[PDB]
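Presented as structure tokens, the chain that follows is alone, the form solved without its partner chain.
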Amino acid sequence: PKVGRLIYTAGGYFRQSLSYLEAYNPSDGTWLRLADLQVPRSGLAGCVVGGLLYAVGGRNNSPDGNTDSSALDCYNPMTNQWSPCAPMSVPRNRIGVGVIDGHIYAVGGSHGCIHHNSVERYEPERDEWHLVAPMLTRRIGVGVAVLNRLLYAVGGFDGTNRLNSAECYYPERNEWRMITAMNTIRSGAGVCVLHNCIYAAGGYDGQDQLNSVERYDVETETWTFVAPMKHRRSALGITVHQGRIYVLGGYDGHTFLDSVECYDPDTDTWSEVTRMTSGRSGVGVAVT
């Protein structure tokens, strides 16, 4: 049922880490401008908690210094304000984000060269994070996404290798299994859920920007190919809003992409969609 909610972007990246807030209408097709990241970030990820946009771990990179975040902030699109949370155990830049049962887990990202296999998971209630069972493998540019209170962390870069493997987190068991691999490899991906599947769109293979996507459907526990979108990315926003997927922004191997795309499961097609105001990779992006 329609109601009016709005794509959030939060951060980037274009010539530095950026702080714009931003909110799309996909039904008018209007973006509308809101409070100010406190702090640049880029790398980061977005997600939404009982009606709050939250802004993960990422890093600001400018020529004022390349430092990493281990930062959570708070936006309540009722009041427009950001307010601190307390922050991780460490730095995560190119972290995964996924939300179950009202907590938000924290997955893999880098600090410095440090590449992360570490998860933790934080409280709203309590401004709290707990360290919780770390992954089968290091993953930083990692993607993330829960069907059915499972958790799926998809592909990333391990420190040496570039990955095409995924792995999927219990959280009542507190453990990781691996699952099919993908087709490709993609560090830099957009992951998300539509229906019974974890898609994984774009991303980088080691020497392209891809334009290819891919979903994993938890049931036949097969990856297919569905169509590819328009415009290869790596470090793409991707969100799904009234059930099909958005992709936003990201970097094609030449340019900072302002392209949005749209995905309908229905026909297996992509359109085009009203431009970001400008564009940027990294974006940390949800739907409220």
The other form holds:
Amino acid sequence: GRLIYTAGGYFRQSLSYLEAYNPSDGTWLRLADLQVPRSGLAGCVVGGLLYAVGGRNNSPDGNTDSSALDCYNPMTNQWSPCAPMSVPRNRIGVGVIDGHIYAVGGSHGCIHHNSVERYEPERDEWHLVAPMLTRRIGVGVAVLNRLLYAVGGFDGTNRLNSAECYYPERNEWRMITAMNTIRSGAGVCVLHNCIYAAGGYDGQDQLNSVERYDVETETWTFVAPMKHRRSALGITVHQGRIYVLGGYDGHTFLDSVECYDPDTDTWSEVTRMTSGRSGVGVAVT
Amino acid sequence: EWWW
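Okay, that one was the form solved without its partner chain. Can I see the form deposited with its partner chain bound too?
Now the full complex is given, and it begins with the chain already shown.
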């Protein structure tokens, strides 16, 4: 019985919540707080351990962008700090290839990173890899067929519909086909042989549209849209379905969790988070 | 994007 973990987030200020949803029985479970509140972070899993990467803490004391990598062990319900990233990365994107965690883009103060770095859990070390062709914060990242995709985001001036693919064996990036829509802070994940980009912000409105890149056709297509417009949403995959969690719709911080079944091209509302929030990190184990 |  694998669970959907949601870490951190934003509502009034950056948050410390770690909660777990069980889709097969609809229950939520409150787990140990993050040591430091964070929003705009990302979550991923390696070898049954949950990692929370980057983000920022906007609080009464001011703002501090995070270079933190922290590791939560579901078996002990304990957080452990890991080696810091080379630089703080707010609104980071993250993906996993061959047991390594790739930290992509994001921001530190006013610097919008094109840089990328890779964590090896067995050594507790970060190493720089080739930088992206574009500076991207609020970037969505997905891994399919041991290739890493960075989609959308914000370069410091414009929000982006562009996307690019990283090839680890040659340590190089190339542009792929651009999305149909500019999306900053979209939900990006992989289901089956497609990369989905759900929601985000286009510079004017929050979006409920969801487009997917089929890697065999190199084409982006709109599928069924979400019920809720949402940016800074969490997203993940559980048992061949996409789960999107929370976000901001332009007026409300959502507690809604919607579920997409690609067999039927339909979204249904499956649960609610215990309170509304945006900017979460999400993963499954 | 003040909301995260």
